[PDB]
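Asks: I would like the entire structure built from these sequences, with the hints used as guidance.
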Amino acid sequence: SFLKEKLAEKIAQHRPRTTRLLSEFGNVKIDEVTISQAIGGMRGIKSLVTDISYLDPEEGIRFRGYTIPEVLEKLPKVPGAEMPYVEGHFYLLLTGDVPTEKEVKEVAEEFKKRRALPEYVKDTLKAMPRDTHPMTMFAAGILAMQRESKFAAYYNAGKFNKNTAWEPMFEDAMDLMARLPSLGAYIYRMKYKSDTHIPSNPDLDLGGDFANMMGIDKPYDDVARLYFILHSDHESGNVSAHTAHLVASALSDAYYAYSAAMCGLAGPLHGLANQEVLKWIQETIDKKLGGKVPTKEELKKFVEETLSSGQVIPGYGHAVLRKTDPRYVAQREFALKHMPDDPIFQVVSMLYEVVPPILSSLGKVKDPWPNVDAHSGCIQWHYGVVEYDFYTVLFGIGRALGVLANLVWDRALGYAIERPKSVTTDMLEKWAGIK
Amino acid sequence: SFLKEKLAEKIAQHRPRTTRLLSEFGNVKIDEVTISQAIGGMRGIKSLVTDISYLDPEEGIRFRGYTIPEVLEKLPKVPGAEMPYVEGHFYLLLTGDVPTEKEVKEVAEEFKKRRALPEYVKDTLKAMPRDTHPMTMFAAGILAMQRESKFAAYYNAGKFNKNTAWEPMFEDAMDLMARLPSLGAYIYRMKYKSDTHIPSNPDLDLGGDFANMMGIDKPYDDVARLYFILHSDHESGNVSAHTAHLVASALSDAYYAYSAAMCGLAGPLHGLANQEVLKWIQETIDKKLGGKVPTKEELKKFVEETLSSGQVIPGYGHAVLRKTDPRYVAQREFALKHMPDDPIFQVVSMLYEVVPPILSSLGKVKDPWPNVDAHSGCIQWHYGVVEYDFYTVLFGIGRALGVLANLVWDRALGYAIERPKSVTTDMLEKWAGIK
Amino acid sequence: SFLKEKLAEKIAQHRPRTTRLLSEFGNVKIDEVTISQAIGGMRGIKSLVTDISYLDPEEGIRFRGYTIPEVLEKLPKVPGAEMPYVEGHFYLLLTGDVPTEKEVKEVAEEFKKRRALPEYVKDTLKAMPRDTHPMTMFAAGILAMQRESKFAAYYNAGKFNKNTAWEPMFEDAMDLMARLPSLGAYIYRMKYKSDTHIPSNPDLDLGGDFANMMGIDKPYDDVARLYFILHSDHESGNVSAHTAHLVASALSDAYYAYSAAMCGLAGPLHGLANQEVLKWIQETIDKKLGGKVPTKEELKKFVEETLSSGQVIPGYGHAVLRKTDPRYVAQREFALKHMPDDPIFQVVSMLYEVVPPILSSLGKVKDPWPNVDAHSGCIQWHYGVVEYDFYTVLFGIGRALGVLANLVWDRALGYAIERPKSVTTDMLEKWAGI
Ligand SMILES: O=C([O-])CC(=O)C(=O)O
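Chains as they are written, first to last, in the authors' numbering: chain D, 2 to 436; chain C, 2 to 436; chain E, 2 to 435.
A few of these clues could be false.
[As the list claims (entries may be wrong)] Below, simulated DSSO-like cross-link-like pairs (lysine-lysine); rule was C-alpha separation at most 27 Å, straight line:
1) 365(D) / 163(C)
2) 151(E) / 30(D)
3) 127(D) / 367(C)
4) 289(D) / 302(D)
5) 338(E) / 219(E)
6) 367(D) / 163(C)
7) 422(D) / 436(D)
8) 297(E) / 324(E)
9) 194(C) / 113(C)
10) 436(D) / 301(C)
11) 288(C) / 301(C)
12) 192(C) / 127(D)
13) 5(E) / 160(E)
14) 5(E) / 219(E)
15) 160(D) / 365(C)
16) 324(E) / 30(D)
17) 163(C) / 194(C)
18) 301(C) / 30(D)
19) 151(C) / 219(C)
20) 7(C) / 280(D)
21) 47(E) / 151(E)
22) 324(D) / 293(D)
23) 30(D) / 160(C)
24) 431(C) / 5(E)
25) 431(D) / 47(C)
26) 127(C) / 151(C)
27) 324(D) / 431(C)
28) 47(E) / 324(E)
29) 75(D) / 324(D)
30) 127(C) / 114(C)
31) 422(D) / 422(C)
32) 11(C) / 422(D)
33) 422(D) / 367(C)
If you're looking for bench data, these hints aren't it; they were derived computationally from the structure.
Replies: What follows is the structure, given as structure tokens:
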């Protein structure tokens, strides 16, 4: 039972559905476009297809039909530790199936042999000024390893075949996913930990070895495992996942595609929310609460003034999520058990109480509820990841699991180039009756 | 006169129009989306807004409402050369106005002072293996300079505001546009010309200095002014312009945005058609045509043999264009004028006569006509730019002209994060009634 | 056809709206259900949805937003005649758009080629005893023709698709509507006019050909076009429209649905009032007015005798109307023009004046006002349609317009099987506290 073989089977079962949908039901209508939506970032238009994950606006994110709680129970657990192998979650995103112990082990052995970082990636990151933002460094590392692309080599030797193209894409995906934790770790060490490095430990799994290379003791190994599974995918319309998909649709390899994707995740409106919550809180705990865990009342009215004055409670909104986020939920369950007393956690817990009441009552706030990055930071800070800018790197490692899975499938199914049609301000004006 | 102040003026007049389309005419339907389109990468969906350029299927591209012939006619010319200052085209894309001679001079002077490459860019490209692909190097060079982003510093200093965000965007666009030719030339010299560098001549325009730094004599300066102007923009739905737009919509700076864009342009379905066309012609001449420019009738039968056996004619057709590309036309006039007796151009000319009737009869191709990529290669090769992989880097340099103008406007008008909605196969199958 | 794709166009726009209400606001309360209403036939419960027409208690019926005056006014008229093509009304009911002259003409051509009666319908009707009530013959004729159902043929060959199911429903609607007047007219000749049959004239409009085949001269053509439009629909909760809806909600075809429709319309409390009115007027005229148009006074006193004897003035009252029926209004307009001097009409007219005041001030009848069943009879009798039982067949042909339009949408919008919940008397007694 091997991943690539099983993946071939699933691809063989899935192709006729796609073919059918095109041949028999091509012109069936699924949505409309308004002036509002064209000007406003295609907001809400159903115009992309993925099966890796689906984001219900009411129910949370599902990974291959499963729920977060389901995924966390079903995936084989790392022995002597509490969370699943991340490699098992990748097996699941790739195939649709929960892996057995036996199947996880095989992927994890595969990751161990693909995990080493090319020495020239380090050369490049050293030549880039050390004051460069970690996400720029992370994107660069990815880009430089485009030299190693099996998909690019396949294409340039003239081997392109629409049926087999997924095979080198799968190879590139396994290689890149194996290496991202090492690349992130290297960036962490070189910028923030005095440029001393802890070697990869061949016996550890992906998340375990990330914790190791980061230089953080148990239970950070589980913090990482959980964090990456949680950030693994949020369907394909988020900017990072979409950016990867889009670039890849031109048959650019994954190195190009995921580098481009990290350029999107770097954006303040996409990858910064975890840290901005945490800085908001700390500052609140500082100025507005005399350096101390407050009480329910105090917090209740703190919100109201911040609201009344044209300010937003951070990490309590979202463009697609309309209910509470179950990624948020899994973080808590972890916090409640591992750091119940941590001062910062106590404030994110209490915030859970009041702020839904106030936005529900104030009105509007189409999403009057917490998204994941309302929680992620307090866990990181607890364990001594204080370097805020780096948080987005952790996001990038995680999000690759679903995006690279997605890229394999884009190629398996021959999804065509993404090339919408532009219109001018004048054209919109016509269609609106203006003159 | 001054570019920044005129740009301000144009923004302050445009902003109410967008406002109005949103405020009054928001839910006006402009298009619909079918199952075919979700699966077929959004083909045809009118879901993006730009005023920089507009791609008309029949007429091709208009830059700020001007046709290619009237752009080349109206833009101020470099003294002692045939072609316009690329800096003038840039002014036109930013403002909508055709600049006076005085107005281009001050854009040329501004670029002269923003032209120099950060030394660490050269350090970075040297650390990257020398056998790395030139587009990988080009993307990397761009990305490394994200360190200088005024937009990023502005955001990180807490200065973000929807009225002023265009300003540091413009500064970053000006900085980066000024340097892109030097970045490309550095890559050309370091890879292909023995790693000897020709210094910038502070007395040349962008086009002339690019030929200087490449080490190519007149009239390659004109080849470059024309090439870059023709490749400047193809509205915003093309993968590279779209990638930059999408990434910048999360408030990622132009460096992140344009590095991402070049990752998409790297793609064989986006940035390779030039070299692939040229290789095809040269191979065809060698094997099928006994190393000689054929007669009309000999080439008509080679085309049909090729079309009958399951092949395609490279550089013909397009996902949007439905008639002859006016970019192809402008390249032809240059070729006719400058290299009539060139063997490769001859085949290109004859192809232009022979191929459209044959493709039209068969009605396989929806655009049975050439695009620019049918023509660019023979001109490059004629002046001794024989390094096929580098052709795309020339594209990158040109395309930044419209894409960076576009990011400035995106920020001016406050266009929101791009976040369309994904649906699964199961969901398409439900909508199709095959639940 | 231009009709079929105009309709495809409306459906594709209207479906997201329906999904939205389901998907987002599906738990929003719309009304409540009291023991009274459960016992008394769902009286006043807002449990059905339709867009073909809406019945306002006060203003009465609107067809696709439009009132009766407006509909009569806007619909293309027949050359040489007063009234609209009924085809025109069908288009409007289907599409929602008032039709151009060309649009009306395309429906009329479509009906002219769909108009011919299967010979086995005639065989079946001849085998039914000639003394069978015309509504039974009517419902049987419809039912027999479910052999031709395209919608059924499409179900049986595995081709059902929730997106495409409206399309064969539409074909059947067009096939059946095109035939209903011919079926009606065959029943009329075979029973009442010596079993001799005037052929269909393929140059005539639906209503003109009906009168042609019935054997009645102008202006019976206009009587019919008017009659059919006015009876076209009365939203979906009336027993005939509801029966068809209910039956088709189980994905029975329109032949099954409308046959069932006509079984309900057959009922004394739904399709008989027109005739029961006209008889009672005839009686009264003969055995209470010395066979002559009374004075206003003579008749104001007659209404009270009858009432205070525990009798009802038929053709007045309604379970939903609460003011005067605009259907009644329109019939009256026609009468005043064409038959002012008719004795029976003159009593209908007088009645119009004296009955509401009495009924109002008695405070008993919740609709102290006429409905259309108060008027239709005098018109039919005036032109020599004396055969009382057959009136309800006229209603059937009429009411198909709106109901078959409605079934196309039911399938278009994919409405589920109508299946409410039953409760015992005991349970009602428990929710009463006994
Ligand atoms: O609406 C009702 O319940 C009865 C009626 O008047 C009609 O069917 O036209």
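Asks: Kindly indicate which numbered hints from before are broken by the structure, ordering the numbers from low to high.
Replies: Hints 3, 10, 14, 16, 17, 18, 19, 20, 21, 22, 23 contradicted; others consistent.
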